[PDB]
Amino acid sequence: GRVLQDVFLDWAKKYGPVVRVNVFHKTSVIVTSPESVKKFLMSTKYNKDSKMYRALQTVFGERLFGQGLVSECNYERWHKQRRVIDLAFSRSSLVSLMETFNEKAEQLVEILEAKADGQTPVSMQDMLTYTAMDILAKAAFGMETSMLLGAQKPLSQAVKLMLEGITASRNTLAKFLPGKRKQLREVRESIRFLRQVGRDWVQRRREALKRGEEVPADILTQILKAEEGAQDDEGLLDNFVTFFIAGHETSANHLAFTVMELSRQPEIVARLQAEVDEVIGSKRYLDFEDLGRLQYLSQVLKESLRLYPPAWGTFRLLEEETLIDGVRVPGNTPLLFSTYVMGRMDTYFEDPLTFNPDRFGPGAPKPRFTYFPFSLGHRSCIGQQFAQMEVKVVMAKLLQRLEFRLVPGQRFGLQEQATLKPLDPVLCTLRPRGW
């Protein structure tokens, strides 16, 4: 139930705000003082370290995220893409996605209700992954993956294998073990499979447009626009993969962690249920303004990201020798900023292991540069609002309609498969609730 990030936490607790650690077998310095987080993340003077993002660019030799929006480290090349794709994330575009978030969240609840016999185990990690994928495929690409209907198992498996491969490739000796040759081939096959799905969905979009079919603008419209000037489609496919994975798997892990922790927090669940009952009652469709009224649910989701941030770290390149909190750090060193580590430091959060949504209550002092599950600054998550809205819609509907009980034996530990996620798949038994 322990992960590599816990060793970084141990080194930070032992040695202070600036500590040399080994990550992806490269030397890095983890920086955990709030003033240093602010200095480096809030200035465009500091950019991502390409050496650390190579683990996403290519995996076991096969191009995966390439130079898409997450893994492009050059400021100019990144900014050019960001400006174009930001258009797909305006307040108005997001509100137009509430129909999609409601539709798939209601579909999830209806499937779960059909399974809510109080004894059959349901993997909530898998069900939330299927819901997040069906939401992203429709909202971003205008496609129906229907994973909630049991379709596209090869695609869901390919995603799982490549995320495991990201972690294996950057931390293990798999590339040299004869026993792992099959595993490496299957990771490379899964990465090529996903880029070829991108080729198909891109062709479907171009053909629909060529036939004069109506096509609302979405994320795919902007990733196509960002590549207008391109020799070929590899850059476009990098952003297809980037948004296909980032736009569903991290939200799914956040939802799974929240369901896992809430299963042992009856008092908190009672308040959430009462809040949903008072705010949305038996309404079928949640409105944008409804979400803002679910104040305690927002607190709960923020506390879930403090203790269980799926995207656990970000790196900036320190180009020249610099004194950081009194420690002289050599030039060309990757600096690691980790919301996972800071969230578990008693220096920044009293009784860090206690799950207490009141840390994010009205009037509570806001964490200052000690909490950043979507990172901060210019390279912060372009999908933050998309994610916060979709997770709230799914959680509100689950709280309205179902009661969960974790299957005895399921653990509360973590595992790393690119991002952090529950070690166990959050197997639960369900019963219908309320109206």
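Between two forms, the rigid core is the largest collection of C-alphas that superpose within 1.5 Å. Residue numbers count along the first chain shown, from 1. Only residues modelled in both forms are compared. Compared with the form deposited in another entry:
- Just one of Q196, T172, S90, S282 moves its Cα by 2 Å or more between the two forms on a rigid core overlay, and this residue is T172.
- In the core-superposed comparison between the two forms, the C-alpha atom of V23 has shifted by at least 2 angstroms.
- In sequence order, 22-26, 170-180 are the runs of at least 3 residues present in both forms whose Cα atoms shift by 2 Å or more between the two forms once the core is superposed.
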Contents of the next structure:
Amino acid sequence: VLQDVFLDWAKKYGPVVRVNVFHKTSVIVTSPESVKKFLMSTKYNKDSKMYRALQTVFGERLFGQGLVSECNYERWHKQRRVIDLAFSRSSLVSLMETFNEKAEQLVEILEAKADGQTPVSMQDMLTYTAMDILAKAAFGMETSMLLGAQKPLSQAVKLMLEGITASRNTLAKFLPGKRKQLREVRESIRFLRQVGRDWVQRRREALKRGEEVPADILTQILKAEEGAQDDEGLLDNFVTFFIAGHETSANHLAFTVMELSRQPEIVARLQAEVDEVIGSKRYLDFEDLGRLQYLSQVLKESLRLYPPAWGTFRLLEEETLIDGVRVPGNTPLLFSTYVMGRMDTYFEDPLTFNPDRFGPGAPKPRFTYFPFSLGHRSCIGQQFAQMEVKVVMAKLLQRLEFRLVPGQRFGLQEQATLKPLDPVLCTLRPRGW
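Form deposited in one PDB entry already given; the form deposited in another entry follows:
We keep it simple here and write out only the one chain, dropping partners and molecules.
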């Protein structure tokens, strides 16, 4: 686990460490003051030379110049301003029905298997859940993965994210069947962009027949592409949203369930809170979410130890002194919430999963914790995701208990994002016996 090697190095060699595992020499920077300086100013922008790995994968255009991978400030800001409209408080409030719907479908599907005996991959079920939410919420589409459909589509995502991590030259070293990987990954990326054309087409047709579709992310990514010569920019945003809008939430759900399977005390307390704030309501209202304070803590603590988005890069344009170390200009700086969250200098007993760290009255972590990143390039979807995941967790806590199958490991793996090494295979029982 490469991130653990970074952690080791940050601990042993200081807040600024030169690394060589990527195609360009980079430096990992782990003091909270440098985080503040570089992430909190629009003077510092993403390094396009690192972001090319998302832009294009094995030669095949993927994220392109969409909202995540465009690094130029002006070009980024023009699109960010348009797309922000799909994330207003009212927009998000109007997604509650979709969150509630898909979370309820997941729960019923799990309860149907809850005989303490049938193994279910919670990683897969949570990815199906997150994908059906995103497709419906952002694009008006029903993927129905919870109901067994669109398997090829989640496959294609897995292949291409594997591809991104595999592209690392120091890792993309010397094995034989790198040829098959290339074709499968290229083919997956083309598949996904074609899905995109189909879905955009659907929307365009609806509009031509005079339907009034409520404005969603799709509306705004179309709006951001008005004067375009072709649809490539549009499809870059489709891919951006499709992936960024479900993969990280699915990873974060899967980590949280995996970790809770060994935290019976925390679980009991989550269950009490659920019963208390939502009782036996079937659906959550938006006001309910704010009261799931303890669940909120658990989710936060889950992101400290297990941040799916584990790093971000900024271009250091000119030679500069950083925590005492001279860093050459034109150097990619890596900031890692994964690393900092596991340093005992920033967190006491860092490997202990302790939700009280985010308890009320506790001081907020100060530039040592950023699972949605910070500053102008922080996650546009943070509130959407925090809503989404509390809805899913609250529903599960209300109705089900999980036992991890013996032999399942607690480890992580990097496939672009971090996610559980194992599929979080569980057996399930209805809550209470």
